[PDB]
Amino acid sequence: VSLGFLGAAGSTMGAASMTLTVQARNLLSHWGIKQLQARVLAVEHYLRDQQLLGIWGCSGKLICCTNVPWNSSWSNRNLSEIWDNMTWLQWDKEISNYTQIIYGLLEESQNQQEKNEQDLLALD
Amino acid sequence: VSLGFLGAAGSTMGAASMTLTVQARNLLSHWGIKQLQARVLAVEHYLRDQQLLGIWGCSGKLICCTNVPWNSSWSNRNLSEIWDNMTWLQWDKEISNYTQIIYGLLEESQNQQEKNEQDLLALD
Amino acid sequence: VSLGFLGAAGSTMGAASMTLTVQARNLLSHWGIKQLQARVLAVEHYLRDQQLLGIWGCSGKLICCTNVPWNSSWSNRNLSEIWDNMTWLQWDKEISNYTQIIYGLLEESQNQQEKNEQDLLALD
Amino acid sequence: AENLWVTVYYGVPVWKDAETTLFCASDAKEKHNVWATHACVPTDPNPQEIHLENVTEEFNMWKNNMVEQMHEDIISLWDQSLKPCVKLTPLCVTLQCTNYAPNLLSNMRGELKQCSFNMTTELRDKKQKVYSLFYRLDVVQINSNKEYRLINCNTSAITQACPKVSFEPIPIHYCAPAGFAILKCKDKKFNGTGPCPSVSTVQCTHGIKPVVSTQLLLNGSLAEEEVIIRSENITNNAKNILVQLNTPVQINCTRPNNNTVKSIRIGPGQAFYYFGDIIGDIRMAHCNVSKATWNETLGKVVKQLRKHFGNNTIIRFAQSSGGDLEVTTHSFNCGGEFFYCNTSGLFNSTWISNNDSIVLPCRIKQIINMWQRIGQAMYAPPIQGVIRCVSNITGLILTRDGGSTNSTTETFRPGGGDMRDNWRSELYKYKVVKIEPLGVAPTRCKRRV
Amino acid sequence: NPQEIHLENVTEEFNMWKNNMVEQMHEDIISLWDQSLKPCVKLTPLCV
Amino acid sequence: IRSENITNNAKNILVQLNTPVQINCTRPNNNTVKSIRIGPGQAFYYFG
Ligand SMILES: *[C@@H]1O[C@H](CO)[C@@H](O[C@@H]2O[C@H](CO)[C@@H](O[C@@H]3O[C@H](CO[C@H]4O[C@H](CO)[C@@H](O)[C@H](O)[C@@H]4O)[C@@H](O)[C@H](O)[C@@H]3O)[C@H](O)[C@H]2NC(C)=O)[C@H](O)[C@H]1NC(C)=O
Ligand SMILES: *[C@@H]1O[C@H](CO)[C@@H](O[C@@H]2O[C@H](CO)[C@@H](O[C@@H]3O[C@H](CO)[C@@H](O)[C@H](O)[C@@H]3O)[C@H](O)[C@H]2NC(C)=O)[C@H](O)[C@H]1NC(C)=O
Ligand SMILES: *[C@@H]1O[C@H](CO)[C@@H](O[C@@H]2O[C@H](CO)[C@@H](O)[C@H](O)[C@H]2NC(C)=O)[C@H](O)[C@H]1NC(C)=O
Ligand SMILES: *[C@@H]1O[C@H](CO)[C@@H](O[C@@H]2O[C@H](CO)[C@@H](O)[C@H](O)[C@H]2NC(C)=O)[C@H](O)[C@H]1NC(C)=O
Ligand SMILES: *[C@@H]1O[C@H](CO)[C@@H](O[C@@H]2O[C@H](CO)[C@@H](O)[C@H](O)[C@H]2NC(C)=O)[C@H](O)[C@H]1NC(C)=O
Ligand SMILES: *[C@@H]1O[C@H](CO)[C@@H](O[C@@H]2O[C@H](CO)[C@@H](O)[C@H](O)[C@H]2NC(C)=O)[C@H](O)[C@H]1NC(C)=O
Ligand SMILES: *[C@@H]1O[C@H](CO)[C@@H](O[C@@H]2O[C@H](CO)[C@@H](O)[C@H](O)[C@H]2NC(C)=O)[C@H](O)[C@H]1NC(C)=O
Ligand SMILES: *[C@@H]1O[C@H](CO)[C@@H](O[C@@H]2O[C@H](CO)[C@@H](O)[C@H](O)[C@H]2NC(C)=O)[C@H](O)[C@H]1NC(C)=O
Ligand SMILES: *[C@@H]1O[C@H](CO)[C@@H](O[C@@H]2O[C@H](CO)[C@@H](O)[C@H](O)[C@H]2NC(C)=O)[C@H](O)[C@H]1NC(C)=O
Ligand SMILES: *[C@@H]1O[C@H](CO)[C@@H](O[C@@H]2O[C@H](CO)[C@@H](O)[C@H](O)[C@H]2NC(C)=O)[C@H](O)[C@H]1NC(C)=O
Ligand SMILES: *[C@@H]1O[C@H](CO)[C@@H](O)[C@H](O)[C@H]1NC(C)=O
Ligand SMILES: *[C@@H]1O[C@H](CO)[C@@H](O)[C@H](O)[C@H]1NC(C)=O
Ligand SMILES: *[C@@H]1O[C@H](CO)[C@@H](O)[C@H](O)[C@H]1NC(C)=O
Ligand SMILES: *[C@@H]1O[C@H](CO)[C@@H](O)[C@H](O)[C@H]1NC(C)=O
Ligand SMILES: *[C@@H]1O[C@H](CO)[C@@H](O)[C@H](O)[C@H]1NC(C)=O
Ligand SMILES: *[C@@H]1O[C@H](CO)[C@@H](O)[C@H](O)[C@H]1NC(C)=O
Ligand SMILES: *[C@@H]1O[C@H](CO)[C@@H](O)[C@H](O)[C@H]1NC(C)=O
Ligand SMILES: *[C@@H]1O[C@H](CO)[C@@H](O)[C@H](O)[C@H]1NC(C)=O
Ligand SMILES: *[C@@H]1O[C@H](CO)[C@@H](O)[C@H](O)[C@H]1NC(C)=O
Ligand SMILES: *[C@@H]1O[C@H](CO)[C@@H](O)[C@H](O)[C@H]1NC(C)=O
Ligand SMILES: *[C@@H]1O[C@H](CO)[C@@H](O)[C@H](O)[C@H]1NC(C)=O
Ligand SMILES: *[C@@H]1O[C@H](CO)[C@@H](O)[C@H](O)[C@H]1NC(C)=O
Ligand SMILES: *[C@@H]1O[C@H](CO)[C@@H](O)[C@H](O)[C@H]1NC(C)=O
Ligand SMILES: *[C@@H]1O[C@H](CO)[C@@H](O)[C@H](O)[C@H]1NC(C)=O
Ligand SMILES: *[C@@H]1O[C@H](CO)[C@@H](O)[C@H](O)[C@H]1NC(C)=O
Ligand SMILES: *[C@@H]1O[C@H](CO)[C@@H](O)[C@H](O)[C@H]1NC(C)=O
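Protein chains in written order, with the authors' numbering: chain A, 518 to 546, 570 to 664; chain F, 518 to 546, 570 to 664; chain C, 518 to 546, 570 to 664; chain B, 31 to 59, 64 to 140, 149 to 185, 187 to 309, 312 to 321, 321A, 322 to 398, 411 to 505; chain I, 80 to 127; chain G, 272 to 309, 312 to 321.
If a hint is listed, it holds; no wrong ones were tucked in.
To spell it out: a stretch of chain F is covered by chain C in this simulated footprint if at least three of its residues, at any positions, have a beta carbon under 8 Å from a beta carbon of chain C; those stretches are: (1) 572–586; (2) 602–610.
Mimicking BS3-like on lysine-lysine, the simulated pairs with C-alpha atoms at most 25 Å apart in a straight line are: (3) A:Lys655 / F:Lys655; (4) B:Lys502 / C:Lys601; (5) F:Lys655 / A:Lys601; (6) F:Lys655 / B:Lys502; (7) B:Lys117 / I:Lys117; (8) A:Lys574 / B:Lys227; (9) A:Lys574 / B:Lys117; (10) A:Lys574 / B:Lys97.
The hints are simulated quantities; they were obtained by calculation from the structure and are not laboratory data.
Cβ coordinates follow ideal geometry from the N, Cα and C atoms, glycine included.
Here chain A stands alone, though its shape is the one from the complex:
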């Protein structure tokens, strides 16, 4: 039985990644003007990262797979003591400089490589 909205935010990173559909459904659902400045503000924060997934190749998935190698100067740690001994609210603080480099490296070296590979592979 699933817990609910923001339900596993104290759990470890290995267990909270299973129930990711709950935080995705409930993200979009003279004083009516304050109601109207909320329904426009809700739809424009959602279109921003929906744009930002569409350029990374992750068009409609939730666990999507990419191809850049991990530099290991961003986080020294192993595989095992990340997915079992940390929470998501604590991992997002340690990597937190190190993220305007990833968002640049994630799209430039991949969708400007893959689409210029298939246009040079499907010639035949």
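Given chain A's structure and the hints, the job is docking chains F, C, B, I and G with the ligands onto it.
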């Protein structure tokens, strides 16, 4: 020659499923404030089910294929006397309880299975 | 080093097609009512062609591949003297009649063919 | 495989602090007009209260944002529901008055002040003579018989409430927009600031009754097992103390007269309901609080204040000091009329570290000057019959007074009077967060080429 | 050019006297009449 | 020198300069001010 918008709503279910692109194009296209409460209302009914197709795996298709089996306690009928002797406005009344069970079963048992299969298949 | 927004609009068509991610990121990002008639106008011009790519089969790509043949009564020219001796602002003037025929032929003869091929191929 | 590749996740729970705008949403179900709540997106039957686990967050009142736009969404809504009403510039006329009867009771001697003046009729060049009366806190003489003028005709323009609307408070829920959440502390004894080791996420707060009161919170929400003392930096004599009670104490304010009403036309098209004569015999308007219960409630509070001022000290209460009327007294509205009590027979009776009824005389104004502003005043039309309302007190506002040395017991006395403290005794357990549902992490995965 | 598309084999129960297009036609006249008369000349001193 | 269709006497000429020229407008009096209450609640600052 195609009929037009809502054109085949009296036709049978076998023939109205061919011209589905017509009902998809024309779905988005001090008294200007009633114009402005209409252009916001039009874009937020469209983003709702565009969200709802994106979580079912049907990211940008119109006839998408899924994997849940039909329980046959939802409709006893046997495939042909559905596609030839009913209309869409009548099929959507008979199945009409039976639909908060499908919308729950369609995403939980599939995208929370497929994405946890490929992350355990592409390890190698 | 990339130039910037609208950066290669004087360059030839062969070189400006490489840096297409720059013109895609910066497309969405009592006198507040003129601010509010701009944030609604910005999001509804973006949802229109994002709808229009979703029906052509090009759901989230930037260089997507299609299947209609080029009639060669739309543009007589070769391959070589298009990608090297013209700019994008000049190609879009020469083809400019010839475009309500392409936008009709691009979706009707393909997604109403491919989806009625796979539903007749995945029966087995 | 031995080296790692990145993986993009969506919908992963993190929140970091922000602030937004909010919208109201409250309905249950003839109810023609209150201060505006017409539809305002009517609520849902079952609220969702999801309980978190292993999560602690630092909380803080006195720095919230939900207070500073609660208070903006009352005074900006009060003026809106009073703009299209009847305005009255021709009331500020010099007018002659006399006292009443022998009236040898000596409580109501020299209180009611029957007056007479000129007032313009429908047609522009004729005059109408009228008789009315006004309570003693509405007329001020110009230094035998003398003249009088209305108390606000040198500061603000008078306007009349519309006689259809009603000021009785209804519940209001605040709801955050889609893509945000509102946290909620869920312990029992919560001293305002600190870590709350068991939080819960909702989207719409519980029912808030936006009453207006001074020195005694009315119709509020209760507390749990023992009473709570809340403030900012005690040992500072200029900051209030927001006491919240445990068991409620009833109250029975009323008015015994009969008060016929009449209506002429000022004109051409606006009516004017003035205050006719009093049938019967006059008394004061008073309030009762049961003496056996009120003794127990002060006994429970003074056991709690020993934890913040030393165990050996002998706590003494007192009266209010001075100032204008809405600070030194207890004020509220009952059905459409604005009382002003005294509360001196309550905060008496010092303490030592070791069936009845208390009456409270309450005089009445008709011209209010609410929310401490200047430049906007308000008339209030009188009501026929008697007035009866029962309420119950949940919450006091105490103000410590000064001294230099700790030489035998700091005293306490009521007051405060600032309006923002009324909305901090129910928004003390909510803060607004923003979901940032992206995130990256490495694992042993690779995209098929 | 207005688009008037004709349906086939389709019957729908219709009803006037319970429509919604009447009750906001009538609200969009009297709320527009007062708007186009608010900034005009007013005259209190005629009633003499 | 900028305009529309010079040799037309009804259209202006919008000259823009190169180096600026300072200017020192001032007023030497003292001009006390007073305030009464035209009333009831509206003040009026006239020129003393
Ligand atoms: C604290 O909460 C109490 C309830 O929890 C509040 O008590 C309520 O007080 C009102 C005020 O009188 C009572 O209302 C009733 O009013 C009718 C007639 O009054 C008006 O009725 C209609 C509707 O506006 C209008 O057409 C009329 O002309 C009148 O203007 C009387 O017939 C009733 O006897 C009664 O007075 C509520 O009934 C009463 N609640 C309860 C449960 O008794 C109290 O006011 C709150 N305290 C504060 C300070 O707000
Ligand atoms: C209401 O309106 C009536 C309109 O008549 C006012 O009555 C007028 O009041 C003035 C002020 O006292 C009277 O003037 C007086 O004239 C005598 C003449 O000898 C002079 O000795 C006094 O010093 C004063 O100047 C005026 O006569 C009187 N009008 C009439 C017809 O008697 C009245 O004052 C207004 N106000 C009230 C509160 O009634
Ligand atoms: C407007 O009129 C009121 C009438 O009460 C003035 O208030 C009085 O001002 C005098 C000034 O000497 C004081 O002695 C009185 O104590 C005041 N009355 C009360 C009840 O306190 C008020 O000052 C006037 N407004 C202005 C701006 O002067
Ligand atoms: C304070 O007043 C409220 C409402 O005016 C009272 O609320 C209800 O009172 C009845 C009478 O005993 C109870 O049966 C209900 O259970 C009360 N409501 C709720 C939600 O509990 C309340 O009794 C009064 N006294 C207090 C709080 O001590
Ligand atoms: C207060 O005044 C009202 C208003 O008159 C009284 O109510 C009724 O008044 C009419 C005439 O005005 C009489 O014919 C009725 O007999 C009155 N009703 C009753 C029940 O007596 C009312 O009586 C007065 N006294 C109160 C409320 O104590
Ligand atoms: C305040 O008023 C209420 C009702 O108006 C009183 O409650 C009633 O008191 C009588 C006393 O004779 C009891 O018999 C009733 O059982 C009480 N309840 C009700 C619902 O009628 C209350 O006592 C008053 N308080 C004081 C201090 O007099
Ligand atoms: C509240 O009621 C008292 C009762 O008379 C008012 O009068 C004061 O009473 C005390 C004790 O009897 C005296 O020591 C004071 O001298 C009285 N006068 C004043 C001005 O304090 C008291 O004034 C009332 N409270 C208010 C705010 O008017
Ligand atoms: C406030 O408290 C004082 C002290 O308890 C009260 O003064 C006493 O009042 C009783 C009333 O019967 C007298 O018997 C005593 O002689 C009084 N003592 C003194 C020293 O004055 C005072 O009355 C209280 N005030 C109110 C408004 O109740
Ligand atoms: C015209 O006025 C402006 C502002 O009033 C002057 O601007 C600054 O003047 C100081 C004084 O020499 C210079 O150091 C600054 O460099 C000037 N600002 C800029 C942005 O250049 C200006 O000098 C005046 N004279 C002109 C333009 O000739
Ligand atoms: C202009 O008038 C002002 C206003 O009076 C003068 O300023 C001060 O005025 C007060 C009394 O009004 C004097 O006590 C001060 O000595 C005045 N200040 C000074 C510096 O003299 C002011 O002097 C007048 N003359 C000017 C500005 O030239
Ligand atoms: C909360 O923490 C305890 C121990 O710290 C752990 O056993 C428990 O699993 C955690 N809760 C959840 C929901 O994982
Ligand atoms: C890792 O990042 C650093 C910058 O902090 C860079 O100098 C280094 O070259 C990177 N390593 C690789 C293999 O790209
Ligand atoms: C993670 O690092 C710790 C270091 O103490 C080690 O015990 C463990 O073997 C490491 N995990 C892997 C998979 O290397
Ligand atoms: C990391 O980020 C913080 C704030 O985002 C910044 O102050 C700090 O300088 C950054 N670290 C480095 C090494 O630049
Ligand atoms: C309408 O119904 C008739 C018979 O009921 C059928 O022959 C015809 O095909 C239907 N119309 C369409 C457009 O299918
Ligand atoms: C079909 O649905 C019913 C519920 O109506 C359920 O009890 C039954 O187990 C379902 N069958 C299968 C095979 O899941
Ligand atoms: C479906 O059932 C109907 C009932 O008449 C039958 O006619 C039809 O043959 C059946 N078809 C199939 C393929 O089972
Ligand atoms: C089917 O739906 C209707 C309304 O949606 C509901 O009243 C009815 O109870 C449902 N059927 C069953 C068997 O629950
Ligand atoms: C601009 O034009 C010149 C010659 O016409 C050409 O050499 C140059 O490459 C062009 N600029 C860019 C950015 O391509
Ligand atoms: C090319 O387009 C013309 C219309 O301009 C059409 O007549 C012709 O048949 C087309 N050619 C093919 C092969 O479809
Ligand atoms: C393009 O056309 C020109 C015509 O002069 C010719 O030189 C060239 O060979 C053509 N390119 C191709 C690929 O046929
Ligand atoms: C091409 O388009 C222009 C304007 O879009 C139009 O005037 C012209 O008639 C078109 N050409 C033809 C051959 O129809
Ligand atoms: C009031 O404020 C400060 C900090 O704002 C607090 O620490 C202290 O208790 C008070 N100040 C003094 C001088 O006591
Ligand atoms: C009030 O209660 C206290 C203790 O409950 C008692 O000592 C006292 O006699 C009571 N009465 C008064 C008037 O303080
Ligand atoms: C005062 O009382 C508290 C609890 O009632 C107690 O812990 C404290 O020690 C007492 N003070 C002294 C000085 O004993
Ligand atoms: C002003 O206007 C015309 C065109 O608008 C311009 O060509 C000409 O210089 C002027 N007209 C005349 C008569 O000189």
